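> Work out the full structure: start from the sequences and follow the hints.
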Amino acid sequence: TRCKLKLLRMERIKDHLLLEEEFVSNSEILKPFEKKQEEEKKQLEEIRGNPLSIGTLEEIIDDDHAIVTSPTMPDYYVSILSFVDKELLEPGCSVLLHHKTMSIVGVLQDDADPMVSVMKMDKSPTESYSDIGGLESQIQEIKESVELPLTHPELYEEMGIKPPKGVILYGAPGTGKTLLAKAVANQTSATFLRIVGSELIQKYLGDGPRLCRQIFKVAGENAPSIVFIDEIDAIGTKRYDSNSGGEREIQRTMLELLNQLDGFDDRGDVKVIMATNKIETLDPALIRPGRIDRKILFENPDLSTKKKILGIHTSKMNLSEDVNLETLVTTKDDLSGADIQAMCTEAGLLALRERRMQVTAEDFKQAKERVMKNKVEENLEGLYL
Amino acid sequence: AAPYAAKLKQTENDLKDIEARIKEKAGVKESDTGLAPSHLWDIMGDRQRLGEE
Amino acid sequence: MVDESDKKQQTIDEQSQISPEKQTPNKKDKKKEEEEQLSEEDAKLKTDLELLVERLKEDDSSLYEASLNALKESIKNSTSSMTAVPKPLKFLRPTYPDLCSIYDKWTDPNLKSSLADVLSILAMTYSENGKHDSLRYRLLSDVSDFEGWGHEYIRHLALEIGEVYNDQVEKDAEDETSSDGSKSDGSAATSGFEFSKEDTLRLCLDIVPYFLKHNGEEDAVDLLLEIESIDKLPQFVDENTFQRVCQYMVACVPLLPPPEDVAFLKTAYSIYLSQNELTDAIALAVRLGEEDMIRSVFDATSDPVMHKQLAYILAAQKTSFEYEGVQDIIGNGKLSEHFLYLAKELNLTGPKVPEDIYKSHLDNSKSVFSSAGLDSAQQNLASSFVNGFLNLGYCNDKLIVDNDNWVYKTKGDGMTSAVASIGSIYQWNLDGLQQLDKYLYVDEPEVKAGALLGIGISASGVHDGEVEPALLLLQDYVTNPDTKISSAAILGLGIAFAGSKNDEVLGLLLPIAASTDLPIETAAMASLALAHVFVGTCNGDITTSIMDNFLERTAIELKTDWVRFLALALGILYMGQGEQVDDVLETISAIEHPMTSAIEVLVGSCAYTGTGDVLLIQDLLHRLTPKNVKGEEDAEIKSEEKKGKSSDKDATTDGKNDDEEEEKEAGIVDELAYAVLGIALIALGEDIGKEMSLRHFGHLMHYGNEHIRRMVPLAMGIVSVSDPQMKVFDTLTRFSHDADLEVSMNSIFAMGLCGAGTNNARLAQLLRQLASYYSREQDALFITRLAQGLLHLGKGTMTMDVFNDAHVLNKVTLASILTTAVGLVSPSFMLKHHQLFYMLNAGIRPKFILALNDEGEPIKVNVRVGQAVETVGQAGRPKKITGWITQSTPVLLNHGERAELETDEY
Amino acid sequence: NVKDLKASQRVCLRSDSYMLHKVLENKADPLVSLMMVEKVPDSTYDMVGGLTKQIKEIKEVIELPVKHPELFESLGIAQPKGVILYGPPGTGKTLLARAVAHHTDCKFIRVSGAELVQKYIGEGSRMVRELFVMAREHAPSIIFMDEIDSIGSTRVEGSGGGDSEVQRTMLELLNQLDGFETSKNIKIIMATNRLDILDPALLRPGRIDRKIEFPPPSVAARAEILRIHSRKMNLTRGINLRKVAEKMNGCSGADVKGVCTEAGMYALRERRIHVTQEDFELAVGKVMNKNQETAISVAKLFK
Amino acid sequence: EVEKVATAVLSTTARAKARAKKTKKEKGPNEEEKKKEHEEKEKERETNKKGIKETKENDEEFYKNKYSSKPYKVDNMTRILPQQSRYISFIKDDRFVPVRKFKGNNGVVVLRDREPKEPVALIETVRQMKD
Ligand SMILES: Nc1ncnc2c1ncn2[C@@H]1O[C@H](COP(=O)(O)OP(=O)(O)OP(=O)(O)O)[C@@H](O)[C@H]1O
Ligand SMILES: Nc1ncnc2c1ncn2[C@@H]1O[C@H](COP(=O)(O)OP(=O)(O)OP(=O)(O)O)[C@@H](O)[C@H]1O
Ligand SMILES: [Mg+2]
Ligand SMILES: [Mg+2]
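Residue numbers (the deposited numbering), protein chains in the order written: chain I, 53 to 437; chain H, 42 to 94; chain Z, 1 to 635, 700 to 970; chain J, 103 to 405; chain N, 795 to 925.
Hints are computed from structural coordinates only; laboratory data are not their basis. Hints are supplied without guarantee of correctness; some may be wrong.
Listed next, the in silico SDA-like pairs over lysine to any residue satisfying Cα-Cα at most 25 Å (straight line) [to be verified]:
#, chain 1, residue 1, chain 2, residue 2
1, J, 161, J, 140
2, J, 221, J, 166
3, I, 138, Z, 222
4, N, 819, Z, 222
5, H, 70, J, 112
Rendered as structure tokens:
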């Protein structure tokens with residue numbers, strides 16, 4: 053009761069106080085608009101107008117001009133104007149152009165895009181280490197590479213060799229590499245960007261690369277950082293049609309990424325996580341073996357590993373008092389944690405069907421039967437017998 | 042259920058205040074892009090615009 | 001439910017659900033006719049009680065309402081509660097729930113109001129019997145389960161709470177008010193409260209904080225001591241008992257103003273003292289800040305045991321932990337008197353042993369330099385200070401200093417501050433004095449002065465046990481009549497001893513700080529030093545400081561800088577007290593001038609601290625007034705006005721910081737905003753006011769200990785690159801420092817962008833450079849907090865020099881001051897009798913889960929990390945001991961305290 | 103005002119400066135246009151004959167997460183992230199998804215064929231992806247994204263194909279639905295013929311949740327599928343319903359249906375409305391002809 | 795301007811409430827012990843006054859009579875809406891009495907003075923002032 057009362061005390065005074073102070077201040081600001089303010093705001097409206105077209109700043113030409121590229125097909129040679137200068141701008145930033153007569157009249161976007169929103173995240177990851185529990189040895193390759201130079205780059209300097217640089221998560225589906233990427237980045241204490249490489253594919257021209265470029269700019273501000281480009285396999289090498297194409301932009305995007313690996317300065321402070329199904333789902337043209345460092349090879353859980361994984365799942369599962377963990381493990385042979393996840397859910401479905409609260413051991417066998425069903429192999433006793 | 046329910050009513054006032062602040066704030070929208078030395082820029086800028094290039 | 005008569009006992013219960021026949025007709029008639037039948041009623045009381053118990057399980061409103069309807073009438077209508085005197089009194093036990101059934105089970109607004117008053121009266125009268133206590137008890141520990149009792153019992157408890165609160169708000173008190181109709185005190189309800197407290201402490205937690213808070217007396221609290229100290233181990237463990245006591249204090253700290261707030265926490269200290277753990281005792285004794293309470297716990301281990309034992313070692317450790325050094329002075333000399341061993345004991349209390357442990361930590365952390373290579377002009381000056389800022393605490397960078405090339409290229413005020421920065425390399429270290437000495441005996445007076453500042457910084461870690469005190473060196477320099485020499489000397493003395501008000505240190509500083517007739521700008525240091533000395537302990541509000549401030553105002557007003565520093569010095573002096581500071585506000589205000597009004601708003605913050613909410617609103621009306629007066633009209701002066709405006713802004717922030725740490729527990733997320741709305745307002749409204757509020761904001765965060773450290777400094781920073789005064793960045797970085805390489809990860813890029821990008825003045829550049837190096841210490845070597853760390857509600861004494869400097873426009877003279885930045889936190893290590901320098905294991909957890917404590921006692925689950933790690937800052941602060949895993953029992957409980965671990969292995 | 107304006111609010115605009123007119127709480131999507139012609143199904147559990155096991159499984163699958171997402175979680179675990187229908191053609195799986203959705207009371211949109219087909223307001227290479235969004239808007243909604251599959255084994259290897267990428271992207275999205283407005287209330291019912299010709303991202307068991315094989319119908323099931331068409335037609339004289347069922351059993355609910363129509367060719371000619379045993383004997387002989395001829399070549403002249 | 799500052803004071807007191815319940819118990823005695831502001835009743839506080847500049851007319855309740863039937867004195871040289879003119883009657887108590895009957899309409903009306911030899915103030919026309 054009293055633990056409530058104390059929190060109640062603090063939280064009421066801080067919130068309430070603030071509301072009254074905000075409420076008064078909106079009036080105290082607006083009443084005087086004399087002198088500097090009125091003049092400033094007025095000029096800014098006049099130079100501007102309505103509507104304002106989004107633009108992008110490709111480059112600055114050193115004579116108070118710039119080259120800009122519009123969302124309309126044309127591109128344009130414009131003057132730099134207003135309160136926003138070329139010192140205050142930087143290339144690759146989204147800028148406000150006045151519709152009628154193209155000139156930079158301002159900025160309010162400041163390099164905010166619908167791709168920029170998805171990439172952003174400066175908060176800690178959701179999973180912490182061994183949520184993600186187990187593939188411990190796999191973590192004991194990712195952590196080496198990813199956690200350790202950020203934490204102390206010192207170690208490598210005393211060792212006398214270049215730091216690690218990136219990691220390639222590759223190998224078996226269903227081992228959770230898409231989850232694992234999260235687990236590590238929490239432990240280190242760093243900022244975690246996440247972007248899906250499918251959204252760097254565009255049917256518009258020059259847009260593909262702009263989206264790749266935004267990532268490393270952001271990464272450098274919030275350094276140390278771990279950047280997860282989820283599914284570099286999905287840029288892949290694929291083709292939509294070959295009679296109207298779609299397979300040009302794929303290359304230009306892939307290329308823009310290979311360059312900023314090394315080319316965003318030789319640092320292990322701009323780490324990358326590339327998750328891929330296999331390497332031969334990527335463009336075969338590649339950067340050299342040390343530039344990406346260690347390639348992390350996921351393989352099937354062994355007998356011990358899938359006890360761990362199974363155990364995690366079933367704790368969450370309610371009303372299973374007739375299930376014993378070991379016996380599940382005996383009947384099954386080696387399989388992903390993916391299929392354990394499914395078996396546990398299929399076992400709730402069966403027991404819900406029957407209308408019985410309990411979940412049996414017997415129940416689980418029926419679920420094994422369903423998952424294993426179309427994996428059957430009779431050429432096993434074709435060789436053996 | 043006295044020990045939490047009495048005092049819960051008091052917290053609901055606190056949640057309501059957390060609702061009130063966000064809207065109270067959002068009512069006031071103003072710019073300026075750049076700083077004071079770039080307010081000079083516009084007086085010039087008017088001219089360089091009326092000229093065509 | 002339906003009536004089924006008397007066929008069996010089961011159906012008797014169903015019969016009385018609709019209409020009782022053994023509680024309504026029979027009894028009613030019986031009471032209203034014969035009085036021989038009083039004897040039959042007495043036996044039937046027991047039967048009636050049982051029928052309530054059986055039907056407690058039934059929850060429906062209708063079948064309690066109607067059933068006991070005519071009994072509720074009978075109280076005044078037929079029985080009149082005095083037709084047989086004793087007999088209705090002792091038969092009030094079944095009739096009391098009947099009244100509650102119309103209060104709580106049925107809601108009829110007219111009767112619910114009216115019968116609240118009736119319930120209070122009859123509760124009091126029946127608690128004479130002591131059977132009203134037993135009535136409460138059968139519902140408190142329950143016999144049956146229903147939603148109903150859980151809502152009912154409360155109403156009884158609330159009667160007591162109602163009256164007692166009201167006797168303070170309304171002065172008339174007692175039963176003169178008809179809101180309860182029950183007397184406030186007297187030996188009929190007092191015995192009721194004691195008995196009630198007993199049952200509700202065991203099973204609940206309810207009325208126990210309410211009662212203490214309700215008497216308004218420390219006496220209420222001292223009754224609590226008695227009952228709890230019995231409970232300390234047999235009823236439940238030590239730990240559980242502690243969470244009850246310290247939460248009263250953290251929880252009923254609030255809505256206590258000063259004289260009460262000290263008096264309630266006295267009792268809590270005493271409860272801890274009585275119980276097994278003296279470890280809980282020391283933490284609360286530090287809190288109060290009274291000399292008296294510190295001595296009692298130290299004495300309790302030291303004096304009774306003749307043998308050295310564990311006891312002498314433990315005493316020394318406990319006092320060592322405060323790096324204010326207030327405990328250090330007091331505890332010393334008892335060790336000498338007893339004389340088992342002088343040598344081990346004296347050293348261990350002193351901050352001399354803290355020097356040695358730092359070397360072990362440093363070995364892990366190594367050295368990485370990153371200092372600026374720039375030379376020539378003001379860029380030379382920038383780089384040489386920056387070297388000291390990166391090597392804060394004990395570090396070895398001897399060879400770079402010994403290259404006297406860059407040293408001699410500093411000029412002017414730069415020379416003084418260059419020598420001062422060298423001293424911070426050997427901050428908290430005995431050796432380093434050698435480098436300072438060379439310069440001190442040669443060249444111009446400027447290097448002589450800077451040497452003295454550096455001695456100050458170095459002497460921080462060694463000034464106790466009469467082993468090279470700062471006093472010894474610096475006394476000679478005070479004697480020397482040159483102003484630069486003397487001013488530098490007394491600044492360094494104040495820093496080194498910190499909160500220690502030793503006789504030699506204090507009494508040197510006692511005749512002086514009383515000349516301000518002669519116009520000297522750098523005589524700010526006169527009062528400034530003395531103010532610093534005073535903090536960390538209860539304050540006399542010294543007559544030396546108060547006199548000289550007034551005298552300065554009489555003499556001069558030309559040197560605006562001088563009087564601004566002086567004003568702050570008074571407000572910092574009074575820190576460590578608040579009760580006595582109410583008096584001195586009036587004393588200052590006696591003499592009135594507009595110039596004097598500037599001093600007043602500062603001192604208001606300290607006086608009202610630990611209840612400031614009258615203070616908060618005040619410091620906002622003050623802001624308003626310049627603009628406001630002009631508003632009305634629309635539809700020598702220079703010095704006085706400027707002092708006026710600036711003081712208020714500083715005061716607003718200072719008030720805020722102390723409050724959010726101490727009273728209430730939660731609000732720390734918002735205050736950072738209480739400021740933002742202040743800043744936003746000011747930027748449009750007053751051009752001049754905006755300048756002051758920028759600099760204050762950074763120290764708002766550092767003092768207040770905000771939870772969020774990623775978003776808010778960085779976002780504010782971008783707006784503030786632009787705005788004049790690059791000193792904004794220095795103030796942000798002192799917060800951002802945190803656990804190094806977590807917060808400060810973002811910070812180096814963010815501050816570095818504006819600095820590297822823009823060069824348009826080497827003056828502007830200098831502030832930006834210093835800020836960047838401050839933020840990082842290589843590899844979490846040490847952390848800086850404003851807070852003690854021993855208490856997270858606490859506040860330091862060494863960090864007050866940091867807090868001072870953000871009130872003025874940046875100056876080269878100010879750069880000399882900024883070299884000082886002391887405030888070290890020690891890394892914990894498990895000690896042995898041979899003084900083991902390694903910790904075994906610890907649990908760290910970013911966020912406490914416990915919601916019995918706000919401070920949050922560390923969880924026992926945690927996440928495990930290795931040996932010999934620094935005590936992590938925010939997002940790591942709850943720390944639990946893994947040492948239990950080794951058959952080792954901590955002697956000194958550590959919750960994320962500064963305090964070094966100590967273990968006893970079996 | 104900026105107060106009225108939220109993010110993801112569709113707004114009307116002018117051509118002379120694009121100044122606002124009115125808020126719209128309507129949404130014009132390529133998905134909406136496909137729904138709009140088709141409208142709701144008329145199917146019910148008994149419009150579809152037989153498939154006894156299949157009906158009972160899929161009630162638990164489709165209905166119960168929608169109505170009680172918490173019950174589904176409490177007794178068992180998790181939520182379904184999908185449903186995949188497969189089996190031989192003609193089994194009436196398309197007809198099943200229509201049937202169950204009627205009772206579910208949600209907007210059965212369907213979506214026919216490949217979804218690269220939109221190109222006349224812009225390409226179909228991101229209306230797969232954004233389908234997540236469109237479906238969310240029209241809550242509570244059931245998406246029958248159908249694609250019978252003819253992509254083969256070729257692009258299973260790798261994860262090749264640009265169609266497969268976009269589908270993959272939607273699936274990566276697809277997880278988020280259990281979290282983006284809490285639990286599931288929108289069912290993603292996919293329908294394909296087999297697991298061999300399938301796309302790579304949909305491939306592995308339980309990768310899009312729920313793998314349900316639809317059996318070819320039993321004799322008892324064939325007889326029930328026959329049962330319902332008989333009422334619709336004129337009821338047989340002599341109850342010769344069992345004759346058809348014994349004589350052959352199909353691999354499809356389509357073969358059963360094929361008898362009904364075949365039977366009415368012969369009755370029509372004879373100029374007798376009522377179906378008879380003789381009309382039946384001709385009708386089962388015609389439908390079995392197709393099958394006997396391919397079965398005599400492995401029944402005779404073999405090794 | 796008035797409302798801006800009246801709302802200021804009131805809102806601050808409301809926020810302070812939650813801390814204030816327990817403060818208020820200590821506050822009572824400390825006024826008896828130390829000193830008081832200028833009053834010894836309660837502690838009573840400020841309230842602030844708001845700005846109201848306009849004193850509006852209500853509407854009639856009687857449309858059947860908008861002219862009652864009660865007497866009221868109406869001065870000569872005043873606004874005279876044609877409804878009033880019907881009930882104007884010149885009184886005999888004065889010297890001044892109409893030469894004929896009064897029209898029941900507004901206008902220039904000439905009266906017979908029975909005593910013009912007694913001083914009565916007279917109202918000068920514009921033209922008279924200028925002479
Ligand atoms: N270490 C783990 N502990 C707990 N659950 C796990 C763990 N590893 C994987 N799982 C479970 O298996 C699921 C599948 O993992 P995930 O989605 O990361 O696959 P993937 O290997 O990236 O495949 P793809 O090749 O399709 O990208 C997880 O969502 C989680 O439920
Ligand atoms: N159970 C049934 N009852 C009645 N008619 C049936 C049944 N099942 C299928 N049919 C008939 O067979 C026709 C074809 O079935 P439908 O096209 O729905 O098959 P499917 O199994 O979903 O195939 P695909 O592999 O082409 O996606 C239906 O239009 C209907 O006339
Ligand atoms: Mg994946
Ligand atoms: Mg189909």
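> Taken at face value, is the distance from the CA of residue 166 (chain J) to the CA of residue 221 (chain J) at most 25 Å?
38 Å, violated
> Hey, residue 161 (chain J) versus residue 140 (chain J), does the alpha-carbon distance stay inside 25 Å?
24 Å, holds
> Residue 138 (chain I) and residue 222 (chain Z) were given as a pair; does the straight-line alpha-carbon distance stay at or below 25 Å?
71 Å, violated
> Between the alpha carbons of residue 819 (chain N) and residue 222 (chain Z), is the straight-line distance 25 Å or under?
The hint holds at about 19 Å.
> Taken at face value, is the distance from the CA of residue 112 (chain J) to the CA of residue 70 (chain H) at most 25 Å?
22 Å, holds
Against the hints set out earlier in the document, violations occur for numbers 2, 3.
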